[PDB]
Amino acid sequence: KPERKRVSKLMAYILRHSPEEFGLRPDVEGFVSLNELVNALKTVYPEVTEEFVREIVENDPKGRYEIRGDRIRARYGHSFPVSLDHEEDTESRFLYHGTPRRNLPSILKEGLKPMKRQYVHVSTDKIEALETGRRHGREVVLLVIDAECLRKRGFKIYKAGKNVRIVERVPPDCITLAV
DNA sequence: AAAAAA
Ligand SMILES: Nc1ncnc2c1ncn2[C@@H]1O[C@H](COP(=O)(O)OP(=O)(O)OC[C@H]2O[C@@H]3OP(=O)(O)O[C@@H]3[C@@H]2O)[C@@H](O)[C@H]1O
């Protein structure tokens, strides 16, 4: 549990935020070579192996990582531009976003913005949305989003994880409730 | 900061 989480957090740093600090160059789809990631991870944790990383990918409860052959990427969460190929979510009526209550006045004025990432992240699941908001602060509000309001304004929603969804932005008129 | 830990 403890060693996997540390290696998994470093993987997220490398694959979403700072591949260049380790000498890696993602392609336009966000993939790096698997052996490159293992060698990068080894300069911090020298006991990491290809099989140990493959384990983390297959057991990740959110679907954070994707392996295609000898290539690996994070599926969402990037702060550098990636051309993702996820399928569109056309079925969800409501989506959810958890956030510290202190952010609500700004969000009611501007809607949800991607901030430092490329996309706004939301969830199909209320618990997962609230647990994500709790990363940033103790007092959290659950935002309910009308997904069809989003599609009507042209902001298509993509299936990035099991429950994770990404969208360009969420205008304030599409936030129906804050709980 | 699933954005390492010091
Ligand atoms: N207009 C506005 N004004 C002020 N504030 C705003 C805002 N519009 C939005 N905000 C808030 O700014 C924060 C950005 O934080 P940021 O970490 O970029 O986003 P999120 O909290 O959505 O997390 C994403 C992934 O991170 C985890 O890692 P994971 O476990 O792999 O997956 C999960 C998950 O999918 C956030 O509080 C948001 O409300």
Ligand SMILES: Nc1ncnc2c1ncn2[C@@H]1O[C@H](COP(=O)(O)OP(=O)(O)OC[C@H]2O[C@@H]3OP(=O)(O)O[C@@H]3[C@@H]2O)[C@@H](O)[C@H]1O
Given for the second form:
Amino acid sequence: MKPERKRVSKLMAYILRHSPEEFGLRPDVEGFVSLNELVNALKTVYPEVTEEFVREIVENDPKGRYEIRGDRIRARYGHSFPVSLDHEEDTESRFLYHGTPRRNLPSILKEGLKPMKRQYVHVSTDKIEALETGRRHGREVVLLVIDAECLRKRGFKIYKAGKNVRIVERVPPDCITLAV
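Mind giving me the form solved without the named molecule, seeing as the form solved in complex with the named molecule was just shown?
Since only the chain itself is given, any partners or molecules it might have are not part of what comes next.
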């Protein structure tokens, strides 16, 4: 009744803010997942959850935690992964940066930056922050320099994801150059 809604809501917020990948979910750039996919993910822990139950959680949430648009759902705040909540485009940046561990560099040079268990990749306007973000993934980080105008001309819109972080669907190898 009351504890039911709270325990399901706690899982909902964790999934939507923190680790959609632990449930096989891939949010779009605005942080939405489909309502059906979220229900199926909740159902693995609480089999009694239905779409109507999730809708009532959203409608009755005292803090504005969630938003349903059409048949997709997101958390409105508190994300620990890069999102562009208002879909606001970065049009001014000329160069973006991504740090790749030297071990992962062969596949990235051939294929570019491809999204993995996510719908988009993340890069930075700042080369030092790009290298620090890459260091989290392994040693001997190699700096990739990304031509933002090449990305836009190729049809990839670049979105602001807070401070110096940007997200984009993928980065083709043609928009990438190496640096020490």
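Residue numbers count along the first chain shown, from 1.
Exercise for the section: From 138, 116, 46, 85, grab the one where the chain hinges as the two rigid parts shift between the two forms. Expected result: The hinge between the moving rigid parts is marked by 85.
Exercise for the section: State in degrees the rotation separating the positions of the smaller rigid part between the two forms, with the larger part superposed on its C-alpha atoms. Expected result: Turning angle of the smaller rigid part: 97 degrees.
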